[PDB]
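Before any questions on binding or motion, here is one chain by itself as structure tokens, the form solved without the ligand.
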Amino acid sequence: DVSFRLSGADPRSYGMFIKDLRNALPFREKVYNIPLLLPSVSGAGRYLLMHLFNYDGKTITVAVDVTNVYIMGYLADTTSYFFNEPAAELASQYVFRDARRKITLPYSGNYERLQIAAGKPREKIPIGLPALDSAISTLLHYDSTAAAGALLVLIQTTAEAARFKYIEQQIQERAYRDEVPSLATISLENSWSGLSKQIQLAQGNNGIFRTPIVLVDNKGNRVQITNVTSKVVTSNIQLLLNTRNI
């Protein structure tokens, strides 16, 4: 399991937790030296448990699917909460089996659904380590509208930072003050499947992408990634979604 404590957290301990999260995810191959996540894992082994403590030391346990880093559900005291989607319902067979009650959240866990329930697009939600502290405190007290907002923060500060070194650095800069995500951060989040697929397809095509991936850069707009020598591939993306799941 991996754990992160917000009391005394600074950019370095957060960097250590994100390194541990990447290292807990299984892979057999590296494509262009990036870990390629497995196509499927059987049973309970498919789920990684993250223990997160807020500044006051209260905790939630989050279950992550190791083949795609998607958050399935979480445990707060004796209640488990799972997204309303089939994969999270399969995950409930393996994790948090000692929960006294199981609540299914009224939404699935993708960004479109969560932003509708929360009432705000995530360009307008501040993220950082203070925001993660607040997100953990909110999840301890069931409220489905408030939980959608907290889960948008939680997903971006754990799963998205594990997938892209740029987003981990964005959160390290927001260690003591939250700030809404840059447009670059939103584009990267949205492009992980696409980028993962084109890096895999570039093997056997001399490192050239079959279809270019367009991102928006940090200080402006539209840019096209066409091959694996790009900095997004060499220095940024840390994990690849297996094409068998795209």
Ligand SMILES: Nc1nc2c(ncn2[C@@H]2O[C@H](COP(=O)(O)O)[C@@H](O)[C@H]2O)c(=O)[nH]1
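C-alpha atoms forming the largest set that superposes within 1.5 Å between two forms make up the rigid core. Numbering follows the first chain given and starts at 1. What changes on going to the form deposited with the ligand bound:
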The other form holds:
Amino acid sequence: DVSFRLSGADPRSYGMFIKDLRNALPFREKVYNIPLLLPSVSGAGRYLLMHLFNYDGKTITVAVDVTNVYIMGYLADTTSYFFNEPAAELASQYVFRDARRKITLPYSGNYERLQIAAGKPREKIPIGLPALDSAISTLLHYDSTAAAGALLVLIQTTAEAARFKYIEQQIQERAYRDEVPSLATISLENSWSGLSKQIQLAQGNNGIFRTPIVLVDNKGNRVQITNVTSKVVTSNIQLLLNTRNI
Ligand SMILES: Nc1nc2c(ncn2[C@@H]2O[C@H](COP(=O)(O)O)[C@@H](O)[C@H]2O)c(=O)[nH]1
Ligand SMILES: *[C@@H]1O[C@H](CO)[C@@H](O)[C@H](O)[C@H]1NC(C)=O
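Next block, the form deposited with the ligand bound, ref. the form solved without the ligand:
Zooming out: every chain and molecule, the one shown earlier first.
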């Protein structure tokens, strides 16, 4: 399991939690020195538990699929909550079995579905460590509309930060002040699958992407990523989705 406590959190402690979440995910090999997530894991071993504590010491436990860093559901006190999709239904066979009841949320975990339920796109929802405190507090007691925005914050401040050093650094800059995500943040979230696929295809193509990936960079400019010498590959991305799940 991994744990993060917002009471006493600072950029360094958050950074160390994100390093710890990455290291909790199994891999058999690295591609260009980046951990390649597994094609498949059978049974309860597919799920990492992340214990998150708000400023006041109240907690949820989040279930994460270690093949894709997708959040399946969470446990708040005696109630479990799972997204309305097959992977999360399967996860509910394995995790939070002792909950007194299981609620299926009225949406999948897809960004497009969560943004409709929340009534706003990611671009308009501040993120940061204070926003994660608020998200944990929101998820402690059921509210499906409020939970959708809380889950957008939770996904970006945990899973997206684990996938990209740049997004970890963005949340560190928001340790005490929330701010809507940068253009690059949104671009990297949207490009994780495509980048993962191109980096794996590059391994038999001399480090050259078979299909260049368009990103937004840290200055807000559109850039074409063509090969593994790009800073996105050498410094930024931290985990690869296996092409057997693309
Ligand atoms: N529940 C959940 N959804 C995510 C996560 N990361 C990204 N998504 C979003 O869920 C959707 C799945 O679609 P896809 O990844 O195939 O494009 C995407 O919008 C994707 O960016 C995550 O870590 N947990
Ligand atoms: C490979 O990527 C580097 C770093 O982004 C870039 O400077 C270089 O021009 C690329 N090579 C190509 C497109 O042949």
